[PDB]
Every structure is written in C-alpha cells, then in structure tokens.
Amino acid sequence: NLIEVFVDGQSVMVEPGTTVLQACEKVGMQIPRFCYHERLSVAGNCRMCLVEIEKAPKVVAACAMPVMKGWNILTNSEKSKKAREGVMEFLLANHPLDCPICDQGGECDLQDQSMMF
Amino acid sequence: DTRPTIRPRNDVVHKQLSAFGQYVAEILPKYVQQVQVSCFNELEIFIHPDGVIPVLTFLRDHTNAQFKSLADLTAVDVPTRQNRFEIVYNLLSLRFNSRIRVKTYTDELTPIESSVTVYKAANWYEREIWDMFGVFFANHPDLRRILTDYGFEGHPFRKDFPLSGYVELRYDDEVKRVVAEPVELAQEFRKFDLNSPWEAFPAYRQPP
Amino acid sequence: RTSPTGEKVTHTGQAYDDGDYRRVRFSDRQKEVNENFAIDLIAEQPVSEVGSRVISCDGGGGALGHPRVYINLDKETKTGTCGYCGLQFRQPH
Amino acid sequence: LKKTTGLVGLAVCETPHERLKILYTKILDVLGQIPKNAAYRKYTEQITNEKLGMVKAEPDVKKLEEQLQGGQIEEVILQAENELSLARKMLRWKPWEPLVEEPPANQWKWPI
Amino acid sequence: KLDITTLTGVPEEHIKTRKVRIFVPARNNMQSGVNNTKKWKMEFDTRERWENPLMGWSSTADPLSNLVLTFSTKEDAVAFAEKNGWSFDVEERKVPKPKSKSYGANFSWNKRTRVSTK
Amino acid sequence: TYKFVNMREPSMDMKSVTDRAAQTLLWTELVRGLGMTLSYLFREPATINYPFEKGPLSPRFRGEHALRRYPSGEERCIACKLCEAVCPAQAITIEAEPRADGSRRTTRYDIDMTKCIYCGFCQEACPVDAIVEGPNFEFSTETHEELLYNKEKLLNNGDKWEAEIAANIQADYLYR
Amino acid sequence: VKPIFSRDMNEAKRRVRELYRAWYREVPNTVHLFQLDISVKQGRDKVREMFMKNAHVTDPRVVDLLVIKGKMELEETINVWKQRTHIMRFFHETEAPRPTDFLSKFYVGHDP
Amino acid sequence: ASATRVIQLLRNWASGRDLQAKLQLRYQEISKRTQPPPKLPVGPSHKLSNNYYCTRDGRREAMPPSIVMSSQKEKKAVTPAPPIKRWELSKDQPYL
Ligand code: SF4
Ligand code: SF4
Ligand code: FES
Numbered sequence: 030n031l032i033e034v035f036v037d038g039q040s041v042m043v044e045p046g047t048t049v050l051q052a053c054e055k056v057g058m059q060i061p062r063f064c065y066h067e068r069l070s071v072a073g074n075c076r077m078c079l080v081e082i083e084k085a086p087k088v089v090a091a092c093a094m095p096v097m098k099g100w101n102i103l104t105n106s107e108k109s110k111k112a113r114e115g116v117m118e119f120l121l122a123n124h125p126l127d128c129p130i131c132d133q134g135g136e137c138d139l140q141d142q143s144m145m146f
Numbered sequence: 042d043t044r045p046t047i048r049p050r051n052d053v054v055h056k057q058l059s060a061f062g063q064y065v066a067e068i069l070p071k072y073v074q075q076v077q078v079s080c081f082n083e084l085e086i087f088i089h090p091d092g093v094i095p096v097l098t099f100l101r102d103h104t105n106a107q108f109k110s111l112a113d114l115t116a117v118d119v120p121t122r123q124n125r126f127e128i129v130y131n132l133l134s135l136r137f138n139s140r141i142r143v144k145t146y147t148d149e150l151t152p153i154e155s156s157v158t159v160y161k162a163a164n165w166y167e168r169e170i171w172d173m174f175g176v177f178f179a180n181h182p183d184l185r186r187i188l189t190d191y192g193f194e195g196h197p198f199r200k201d202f203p204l205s206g207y208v209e210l211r212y213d214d215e216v217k218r219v220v221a222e223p224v225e226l227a228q229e230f231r232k233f234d235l236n237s238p239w240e241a242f243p244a245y246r247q248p249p
Numbered sequence: 030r031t032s033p034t035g036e037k038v039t040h041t042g043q044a045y046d047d048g049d050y051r052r053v054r055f056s057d058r059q060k061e062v063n064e065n066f067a068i069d070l071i072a073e074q075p076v077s078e079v080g081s082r083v084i085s086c087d088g089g090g091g092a093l094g095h096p097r098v099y100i101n102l103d104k105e106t107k108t109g110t111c112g113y114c115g116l117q118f119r120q121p122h
Numbered sequence: 005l006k007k008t009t010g011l012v013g014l015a016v017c018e019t020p021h022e023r024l025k026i027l028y029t030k031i032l033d034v035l036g037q038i039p040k041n042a043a044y045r046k047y048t049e050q051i052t053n054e055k056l057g058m059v060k061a062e063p064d065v066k067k068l069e070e071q072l073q074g075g076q077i078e079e080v081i082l083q084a085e086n087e088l089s090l091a092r093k094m095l096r097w098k099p100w101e102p103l104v105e106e107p108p109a110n111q112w113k114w115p116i
Numbered sequence: 058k059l060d061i062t063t064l065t066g067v068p069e070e071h072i073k074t075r076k077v078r079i080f081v082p083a084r085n086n087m088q089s090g091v092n093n094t095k096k097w098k099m100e101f102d103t104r105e106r107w108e109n110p111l112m113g114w115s116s117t118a119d120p121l122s123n124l125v126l127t128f129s130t131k132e133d134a135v136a137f138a139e140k141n142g143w144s145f146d147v148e149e150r151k152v153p154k155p156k157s158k159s160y161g162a163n164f165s166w167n168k169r170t171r172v173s174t175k
Numbered sequence: 037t038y039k040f041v042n043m044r045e046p047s048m049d050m051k052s053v054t055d056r057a058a059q060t061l062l063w064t065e066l067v068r069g070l071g072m073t074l075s076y077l078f079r080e081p082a083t084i085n086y087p088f089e090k091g092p093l094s095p096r097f098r099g100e101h102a103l104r105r106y107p108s109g110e111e112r113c114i115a116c117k118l119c120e121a122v123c124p125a126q127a128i129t130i131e132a133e134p135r136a137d138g139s140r141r142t143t144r145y146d147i148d149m150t151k152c153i154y155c156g157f158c159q160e161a162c163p164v165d166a167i168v169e170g171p172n173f174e175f176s177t178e179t180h181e182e183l184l185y186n187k188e189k190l191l192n193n194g195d196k197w198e199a200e201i202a203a204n205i206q207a208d209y210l211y212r
Numbered sequence: 043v044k045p046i047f048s049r050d051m052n053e054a055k056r057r058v059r060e061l062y063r064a065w066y067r068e069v070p071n072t073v074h075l076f077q078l079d080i081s082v083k084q085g086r087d088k089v090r091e092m093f094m095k096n097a098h099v100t101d102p103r104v105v106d107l108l109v110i111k112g113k114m115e116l117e118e119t120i121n122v123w124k125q126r127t128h129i130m131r132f133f134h135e136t137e138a139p140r141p142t143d144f145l146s147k148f149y150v151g152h153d154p
Numbered sequence: 002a003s004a005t006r007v008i009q010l011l012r013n014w015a016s017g018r019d020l021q022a023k024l025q026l027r028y029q030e031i032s033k034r035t036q037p038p039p040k041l042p043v044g045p046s047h048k049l050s051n052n053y054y055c056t057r058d059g060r061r062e063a064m065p066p067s068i069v070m071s072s073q074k091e092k093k094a095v096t097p098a099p100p101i102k103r104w105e106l107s108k109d110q111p112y113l
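Protein chains in written order, with the deposited numbering: chain G, 30 to 146; chain D, 42 to 249; chain F, 30 to 122; chain N, 5 to 116; chain J, 58 to 175; chain H, 37 to 212; chain Q, 43 to 154; chain M, 2 to 74, 91 to 113.
To give an idea of the interface, some chain J residues facing chain D are shown, with a C-beta separation under 10 Å as derived from the structure:
1) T65
2) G66
3) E70
4) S89
5) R106
6) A118
7) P120
8) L121
9) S122
10) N123
11) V125
12) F128
13) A136
14) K140
The hints are simulated quantities; they were obtained by calculation from the structure and are not laboratory data.
We put the beta carbon where it would ideally sit given N, CA and C, even for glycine.
Could you build the full structure based on these sequences and the hints that come with them?
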C-alpha cells in the first residue's frame, strides 16, 4: 500500500495519508514549523512549513499537505528557503524585542528557527 | 555564490590537488586508503598506520613531491572509533608551494612507527602526542613526558580526561613541601549546553 | 534597613543571621552595602500620561538605552510598566 | 663560476652536468629494477628522462637551471640524490603491492 | 577485553564507584527541534555539590562531574565503558511512533475529531 | 623581492684595508657607539611623574568592572545572564529572582576579578549597557578575598565612576 | 595485533622483573640523592606496592606499556629530573585516610 | 625639545644625525584625544531589496570534502602545483 515519494531526490516509502513533513522526517529532514504539533490537530496557520515540490508552481504546506506518489520534496530548494525567510520576517515584524527579558530566551523555537532559516 | 560575504574559492588549486592526490594514490596503493580535497583547497591523504614511514618518505624525497618540512604533527581523539586516536601529519613543499595532510589511525595500545628518520622535527611532536594522548611511538629516540609534570599520571588531552584534572597542588607546612591532593573546586566549572535543537547545515547531514 | 543583629540589610534581602558563623567576616571590616535601593528609586519616578493606546520606551538616549519595546495601555486599573527601565506609563482618563 | 650557492651547507659543483648525468643513470637503473606496472617506476622514469635529456641538451649551467626549474643546479643534484635513495627504499618497501588493509568501519567519518 | 584502566590514570575510586549512564539525550520539551537527540551520550553519576562559605558558589570534588562523551552508536559507548572499567547502564533510544495526521478529520461529519474552533 | 643582508665582499684596496685596520686598532666603531649613548644622555628623559602624572589612555580602556544604573536610578541589569555565558573565563555568577515589583533583578551578581581576564566581552554582550568595564586600573588589594567582587561592590563602583563611565560611553558608543 | 615489546606474557614478566630490579637497587640512592625521610625499606616497600597495584593485568601489550611508563619514572628519578616533592608524591601523606566501612562512610557523607 | 642650542648641537654631533628633526618624545603632532563624533558606514548587505540571505549565506554553501580516491570500491607526472618561481633581487636595495 505504501506509495513511493521522493525527498530531495531520495526515494522513501510512506503509507498513504502521510504528510509531506512526516516523509521529510522519515528521510531525516526536520522542516521548520511553529503551529504543527505531533500530538495536536493539524492547523496550517503559521505557514512556516512551506516547502517546494518539484514540478509544482506553488509551495505546499508540508505540515498539512498529504504526499502523493511520485512527488519530489525539494526541502532545501530556493523556493523553500525564501518562503521560510519571508514567513520568519512576517513573524518577527511585530514580535517585541523581549529576548533579554524573555524566559524562553536560549530555548525559543522562534530564535533558533530565525537563526537557522 | 558571490558578494563580499561569501569567501572566494579558487578551482584551479582544487584541480591541482585532486590530480596530485590521485598521483600519490597510484604511486602508493599499498598504504593510501582514501584521498580527499576540501572545498577550501586542502589535500588530505588517509594512509594505513603501517605506511607512516614509507608514505612520508615518498612525500619528502620524490622529485615531484618535495614536502621537506613537517609543519605540524598532531593527534585527534575520537572516542567513538575503535582506533580513537587519529595521527595527522601536516607537510609543506617549498618547491611547489603546497601543503598536504597525512592522516592515520591508531589505538590505545597499537604502536606507531616514529617518523624521526623522515623528519627530525618529529621528535618533540611525537613526545607531545605521547604525553597528551598516550600514543606510543615505536623506535622513538627519547619518548618521555614533555609538557606534563614529571610525576603526572594520565594523558590530559584524551577526551575522557577531566578538564580540571584529578589532582591539585598546594604547600603544606607540616611536610614543608608542595603536596598533591585530590582536586576540590570552590566553584565547579559550569557546563553550558549550547547545541541548538535545530539542524544548522543541511549539506553535512548524516542520513538515518 | 538594618537587621536586629545590627547588620544593614542589602537590597537583595540578605542579612547574616545571629547564628550565622559567617558574620565574623565583618568583625573589623565594613559590610559593603549599596545605599541607593533601586526599587525605591523607580517608585519615586512619576507615571507619565500618554494619550496614545500604544507607546514605545527605549530607556532614553537611543543607543545608550535598552532595546525599544512597545507597551499597551488598554488596562485601566494597571499602568503600563517598561520591561527594562521599569518606568510606568498611563493613558489619561 | 658561482661563488657560493647561497644556502648554507650547499657547495658549488664544478661539474654539474656530468654529476647529474651519472646520478640520473643510477636512478634509471634502480627504477629499471622496479616492476614495470608500478606507477612509481613509470612516473619517475618519465621525470628522470626529461631531466637527463635537458641536462644533455643544454650545456650552460644557468640556462639548464632555468630549464629544469629545480632551483640552483646544486639543488637539482641534491634532488636527484634524494630520488635515488627513495627509489632504493621503494624497492625495499614495494608500495606497488595491494592495500595492506581497509580502514576499520567508519574510521574516516566526520562529524561523528 | 581491553583493560586500559591501568593506563588511563583515573584514580581507583573513580574507576569502581562511578556509574556511567549511556543514553540518548531527550528532547527539551520547550523546543521542537530534534537535532540534539541524534547521538548517544555517556555521563557519570551526580555527586555532592555543597556551597562555598565565602561567596555561596557551588563547590564540588567530583572530577568527572562535567564529563560528557558523545558516541555514534550504543555499542561504541558500551565498548568505551568496558575499556575504562566503568559500570555502565544503557537506556534504549526512544523514537516517537509515527502518528497518523489528517487535516480533514478536523472537519469530520460524525466523529469526535471535529474541532470546535480553529 | 628578497634583499641580501650581509653578503658584502670586502674590498682589498690598500686604502680600504688601511681604514679597516684603523677601525680595528683605533677602536673607531666602539667610539661611535659610545658617542651614540652620550647623545642619549643629553636627551630629555621620558619618565612620567607617577602618580602625580598619569599615562595616556583612550576612552575605550577596559578596567574595573562596574554595574550601571538608568538615569531614573533603576539597575540597568535585567538578568538576561548572557554576559555570564559569553564570559570566556566563567567569572560572572548571576542568580536572579522576580523582584517585589516584578522585574528581572539579580539576587547575585558575583565576578571574581582574580579569574576575570578583562577581555571586555561582558560589556559588548550586555543589551542594556549595565556591566561596563570602568577606567580604574589602580584597584590593587592586599587580600585575595577583596578581588572577588559582590553585586554590592559592583553597584558601588558604578555609582562612584558613573560620570566617567557615561562620558566614555558617550564618546565611544558611535564606534561600537 | 603488533606487540609493543613482548609477544607473550612470559616475555612481559621478564621486562617487569628487569624493571623491578632497577627500582629495587635505585631506592637506596634515591633516598640519599633527594635526602628523603623515608627508609630504604619504605621506598622498596612502595616500589613493590606500586608493582603489585598493577598485578591483575593479563594483556602483554598493556604490561609492556606499564613497563615503559615505569621506566620513564625511573629515568626521571635517576636523572634527578623529579624533585623531592615528586618522589614524595608516591607516599601520599597529607591526604586524610578515607575509610572503607559502610557505617563510617555513612557518617562521613553522601559518598556512594 | 626644550634644550639649549649648544646641547642640541652636541647631541646631534654625538649621534651623527639631526635628532631635533625626529625627536622620540611626542609634543604637539599628537592627534587631539577629543575627536568629532564619527558616522561609521553600513555594509554591502544593508539594503531593503535583493537582500535575501539565501544569496549571501556563505556558511551554508560549504560542502563536505570531495573524495578524489577511496580504496573502498599514459598519465603524465603530476606535481602538487606549478614549481615556485625564483625570487627576484630587490631593486630598491639589492645588498643591505
Ligand atoms: S549582560 Fe547586562 S543585563 Fe544581562 S545579566 Fe549581565 S549585566 Fe545584567
Ligand atoms: S570583561 Fe571579560 S573577564 Fe571581565 S567579566 Fe566581562 S567577559 Fe568576564
Ligand atoms: S507548521 Fe504551521 S503551517 Fe506548517
């Protein structure tokens, strides 16, 4: 029953219904995410999980979009990088400069994801 | 890419180093196990530990490889490998204005041939390697502690050796001498966990 | 303030107890105590009244202050307090 | 005649061409002892033949030095001596043999 | 069995009394990254950390208090502990089970999964 | 590209040999050196009259650490503890608790100057310009315990040197 | 595996005995040289104690390296490279004896 | 320097050089310690457009070392690099 999808050109077998983010986790790629939680219902609002699929005009939400057989998930493509950068810019646009006084400082997903993506 | 932030990379030296690495591998298939050129144009030859003297002698005397200067001989302790200690030889060829690295592996017990015959500078470097890491060098003219204290026990640079050590010194009036006592720190060295939970470099990702 | 033992209490609420042997360290030497309690000093500072719903405080002096933070004044009973400076701002009633 | 080689411990050779020819012949013989398949023999014979041909062709010491691109002719003589000694040591070592042993598992894996 | 204990130089007290724990570090619940939880690590038992009388700074005599060694595989850590003669306790790596996730289930027709708010 | 130091053949001209022998016998070069030192004797000495005269110093000078305050009088330190992290000698020990008001105010800011390397990373890291190395280099003590500076000591140092510290920061903040 | 010096344990024991003889004969001189307050018996007792500490070793390679380290300490002692304190460091004196009885350890502290 | 002309002449003669021209002590050629407030410039990436970090992330453009040869599964002689060219004697001052 497993469909053959590709992550960055690497073939990976996934059960039908697997989200793009889960397949990327299978190959070892942790797509940046803020709203998606493994034990919480999929939301798709943060828009930080956007990733490019080969031969696809629009980036898809890896946290929600289920994989389709034959899809090549370009996790580190320019489209994906720019999408992540733009979404992080939007997230930080109104975020207060509270890092020195924020207890989450040093262990903030926002901080690390901004620093990495 | 381009722009000042990115470091300019010279491909010509990369090609030259790759060609010379293949040259060395062909000349010495008995010992050369792997040849790598880093993206910053640094040729590295991995050699079986038995080939320390032959490979270095070739890289020193050969007309087309005149690496007659031992820049630095060091060791890297990786405890996750059976041969934890990795002996690295950094060489320099003035004739061809190039550098090369010979990397070999060794255990805590397996001896490694001394390269003093090849390079006289190897004496003190190998003494340091033995003193800090504990890699015994066979046929060494004088292998002894060079940097630690005379009565010191243990090899400090080993990854399993504590940073503060096991013993400390102080002067005791009763014995009228400097005595060694078990280490007691007034303030423990505060270990800081800094590694981020998010991957930083996708290019160097190890597949599960 | 001064403890019952006679040892001045620091702004960190620290005062060697009577049973504390460490009190001997001040036998012939003074106990360094700062005499400008910060908490009292800001309490002196008046509460500014700014009509705008949201105000920003940099601590004064621009680059010589603290990272600019925007404070909301919707709460009527409470007064918006600077995260770094501690200055209180209010919206005129 | 060159007064001094500049390098301390290196002396000017009055007959550099003859010395180089003799050394190159010795080197070529030692390489001939080496098995033909060995890459060392092939490459070293190529290099020595080039240098010997240039040495015989050019009688002027300075022009020969420029031609060989090995520095001063005394330095080239030293290089030839080193190569000859290396060739003998190679005959002893036989590095043209197959690999002694493959590296154990991931002995060359970085990062861990 | 390689016996490097005599060559390590570790005092006998810190060769026998020590209780090495081989484990994979757990993911900090505050963050969602898993890069830290990818390599086996070896740590020693925690011991007394009293207070320095002069300043109140925490003092310790444990020389191996801060020693943490990362290992590619569990077998590597086990072998390293055996070489150094340290009693080692191994905790098997806990990998989160794959979880089926459906955005459509949030809008189910006759299932509890239907979300009340978005 | 390369210059030959020494590498100068001596001329064997009888005049040149005569002058060389004159140098050897009459000790000419020794007299030349002696005259050079005599010239140094009549120069003006470069000694400053310490402590009545102090040596030149720049506003960026790094010295005794000091904790600063906002103009209102509140401690700038908001207990981010990043100066503790950046400190390459692990000299800063910071413990903080919510103050009675509710702000991030440290209950312990201890730096042992006997372990600090006076690098200045602490002042470069502080996001509120609280910990700033002052201009005082003359703070030698007679007992080791004195070097270990408490939070109270740092606050007092800040209060004492605030004028100069503020002036120097005002004179250097643009460069930073 | 290549042996460090001794192929067999019997060969290693030969090296151990050779080292023990040298240490045994050096102890009287060492007391004279460093003007130690220990007796010749005390030093020789310590030598035997140190040798007996590593008496559980079974690998000839490890025994070889232990002998090499033992030689190095002897070389420093003979060459007066060590100082008086260095020689006395073997005789732990200032260090307070740590008890072995569980009840004593229970009183002393949280020692595991 | 505040020295008498006689002292200056004696000093220069003993040294053999005009020391007053280059006196080691600094008097007034020193720059004023108080300086005008500076305005340091911005870097090449201080722009509001075409500034995506993906186009300037040199740290993430590094690649693992290329494996030229691995033992695990007529050529001309090759030197590590072209031989170094002989240095040329200085023209300002060939022999010190
Ligand atoms: S860096 Fe500044 S604000 Fe942060 S703890 Fe240190 S002194 Fe306080
Ligand atoms: S100046 Fe350097 S040594 Fe001193 S407290 Fe700051 S970081 Fe530590
Ligand atoms: S993780 Fe929120 S949109 Fe994908």
